[PDB]
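Engineer: Chain by chain, the residues run as shown.
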Amino acid sequence: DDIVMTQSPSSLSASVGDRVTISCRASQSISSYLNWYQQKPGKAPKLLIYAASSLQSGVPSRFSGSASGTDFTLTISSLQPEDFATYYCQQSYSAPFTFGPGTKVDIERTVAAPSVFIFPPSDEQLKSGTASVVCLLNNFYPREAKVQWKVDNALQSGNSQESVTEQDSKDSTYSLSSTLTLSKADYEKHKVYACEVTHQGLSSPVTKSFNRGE
Amino acid sequence: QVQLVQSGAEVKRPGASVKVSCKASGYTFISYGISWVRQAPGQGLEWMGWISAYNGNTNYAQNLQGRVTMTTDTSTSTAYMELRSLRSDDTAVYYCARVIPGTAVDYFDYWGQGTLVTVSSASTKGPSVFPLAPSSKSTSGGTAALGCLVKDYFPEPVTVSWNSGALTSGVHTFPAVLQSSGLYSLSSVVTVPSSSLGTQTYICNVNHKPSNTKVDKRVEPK
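Protein sequences appear in the order of chains A and B.
All the letters of the first sequence, read from the start, carry residue numbers 1 to 214 under our numbering.
All the letters of the second sequence, read from the start, carry residue numbers 1001 to 1222 under our numbering.
Read the hints as simulated data drawn from the structure, not as lab findings.
Be aware that a few hints might be false.
With a straight-line cut-off of 27 Å between C-alpha atoms, the simulated DSS-like cross-links for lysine-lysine are [stated by the list, open to error]: (1) B:1019 - A:43; (2) B:1019 - B:1137; (3) A:189 - B:1012; (4) B:1125 - A:184; (5) B:1125 - A:150; (6) A:191 - A:150; (7) A:170 - A:46; (8) A:150 - A:104; (9) B:1023 - B:1012; (10) B:1217 - B:1125; (11) A:184 - A:146; (12) A:127 - B:1137; (13) A:127 - B:1209; (14) B:1019 - A:127; (15) A:184 - B:1217; (16) B:1019 - A:40; (17) B:1012 - A:127; (18) A:191 - B:1137; (19) A:127 - B:1217; (20) A:208 - A:191; (21) A:208 - B:1217; (22) A:184 - B:1222.
With the sequences and hints as input, model every part of the structure.
Structural biologist: What follows is the structure, given as structure tokens:
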């Protein structure tokens, strides 16, 4: 049996002292053959709960698990700083053993709009036949953000990549870089390069733009 | 105190094989089992299989049967995972984990630190380092962003510092992205007082050990 484990929600934000509940659903009956793991960035998972409701040795008592049919819940009774992490459920009822896709519990804070910056390709790079245009979204919260590239007002698709930092240790924000890659010849065909940022901290999307060659 | 120590990162070509080790300590190895679980970059967790140290019996993930072999050496308390006929989407961090025998429900109670295995046909190549120059289009109310684009290298990793580690506040070094070319790229940025620009020096220190490439790039306003 190929058992699919779903988790809801995919992400949530909480504050220290909050009661936090995370949900897991199996695509078929798995009895109580259900475990919960915690994972932080760069680190291996850690076992929290096994057999739906058994607390693993050494795990603080604020963690608990419960089961109702195909529905499973992990509860943290009063969230502590060390609990911000991604949480995975895992079924041991049928091979292949399968994991849920994870619920990331991040730090709740006030909305913070990104500060947006755009960088043209460097003269150095353009000599080598390629143009990288970079859009930086600095120190925003929450994580959801949309970056749209526009070249002479034409919306770009398929030629950008973006990556994101982990939540900042000092101000609990995220930052994000989006890179638009064009050949030099394509870069030279257009004039206005723009990054349009949509984020709930902005009442209107913010556009940062330049004219090529200025 | 239970510990599982895995071997170091590996770079392999498609069609090759890899063998990762997992050295156990702090418990009676022959009484337990070892499971292997992998995590592709940015993805979730995938069980690969199970071995019992006492009798050497294995259970493998169907999507890997025929390509994966798990063994243990009970004389050295070491577990091994061999994966053959490697493909690019075998790129992952591979974990070993201890399984407790004779439990109604199997669970993974201690995990190794992980081994990155990168599978790629790309040749080792050092990065080009390009400035992300501060201008009035990276100036925001008395602060300015600048940075370094570290483009087209293989394999991971690169390190980036600013001003030899003396500059840390306001730095963001982004995770690398794998481009369609098979080469990685990443950016490192820092925000600084805009009045500092003409009066202070900003150097990104880029080190790519695999290609023995080291670059210090001064980023100057436009």
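Engineer: For each hint, tell me whether it holds in the structure or not.
Structural biologist: Here is how each hint holds up against the structure:
1. Only pairs whose Cα atoms come within 27 Å are accepted, and residue 1019 of chain B paired with residue 43 of chain A is accepted, the gap being roughly 21 Å.
2. Under the criterion of a C-alpha separation no larger than 27 Å, the hint pairing residue 1019 of chain B with residue 1137 of chain B is inconsistent with the structure, at around 50 Å.
3. For the hint pairing residue 189 of chain A with residue 1012 of chain B, the CA-to-CA distance comes to about 40 Å; that exceeds 27 Å, so the pair is violated.
4. Our distance criterion of 27 Å between C-alpha atoms is met by residue 1125 of chain B and residue 184 of chain A, whose separation comes to about 22 Å.
5. This hinted pair does not check out: residue 1125 of chain B and residue 150 of chain A have alpha carbons roughly 32 Å apart, beyond 27 Å.
6. With a C-alpha separation of about 11 Å, the suggested pairing of residue 191 of chain A with residue 150 of chain A holds against the 27 Å cut-off.
7. With a CA separation close to 25 Å, the supplied pair residue 170 of chain A and residue 46 of chain A stays within the 27 Å bound.
8. Between residue 150 of chain A and residue 104 of chain A the alpha-carbon distance is near 32 Å, which puts this suggested pair outside the 27 Å criterion.
9. Simply put, residue 1023 of chain B and residue 1012 of chain B have alpha-carbon atoms about 22 Å apart, close enough for the 27 Å limit, and the pair holds.
10. The hinted pair formed by residue 1217 of chain B and residue 1125 of chain B meets the criterion: a straight-line CA distance of about 18 Å does not exceed 27 Å.
11. Note on residue 184 of chain A and residue 146 of chain A: the hinted pairing holds, with a Cα-Cα distance of about 26 Å set against a maximum of 27 Å.
12. Annotation: proposed proximity of residue 127 of chain A to residue 1137 of chain B holds, straight-line Cα distance about 22 Å (limit 27 Å).
13. As the CA atoms of residue 127 of chain A and residue 1209 of chain B are separated by approximately 26 Å, the hinted pair is consistent with the 27 Å bound.
14. About 43 Å separates the Cα atoms of residue 1019 of chain B and residue 127 of chain A, which puts this hinted pair outside 27 Å; it is violated.
15. Pair hint residue 184 of chain A plus residue 1217 of chain B holds up; C-alpha atoms about 23 Å apart against a cutoff of 27 Å.
16. Restraint check for residue 1019 of chain B and residue 40 of chain A: satisfied, since their Cα atoms lie roughly 26 Å apart, inside the 27 Å limit.
17. Pair hint residue 1012 of chain B plus residue 127 of chain A does not hold up; C-alpha atoms about 33 Å apart against a cutoff of 27 Å.
18. Pair hint residue 191 of chain A plus residue 1137 of chain B holds up; C-alpha atoms about 16 Å apart against a cutoff of 27 Å.
19. With a CA separation close to 17 Å, the supplied pair residue 127 of chain A and residue 1217 of chain B stays within the 27 Å bound.
20. Taking the CA atoms of residue 208 of chain A and residue 191 of chain A, the gap is about 14 Å. The hint holds against a cut of 27 Å.
21. The hinted pair formed by residue 208 of chain A and residue 1217 of chain B meets the criterion: a straight-line CA distance of about 25 Å does not exceed 27 Å.
22. A distance of roughly 20 Å separates the Cα atoms of residue 184 of chain A and residue 1222 of chain B; the hinted pair therefore holds under the 27 Å criterion.
The structure shown violates the earlier hints numbered 2, 3, 5, 8, 14 and 17.
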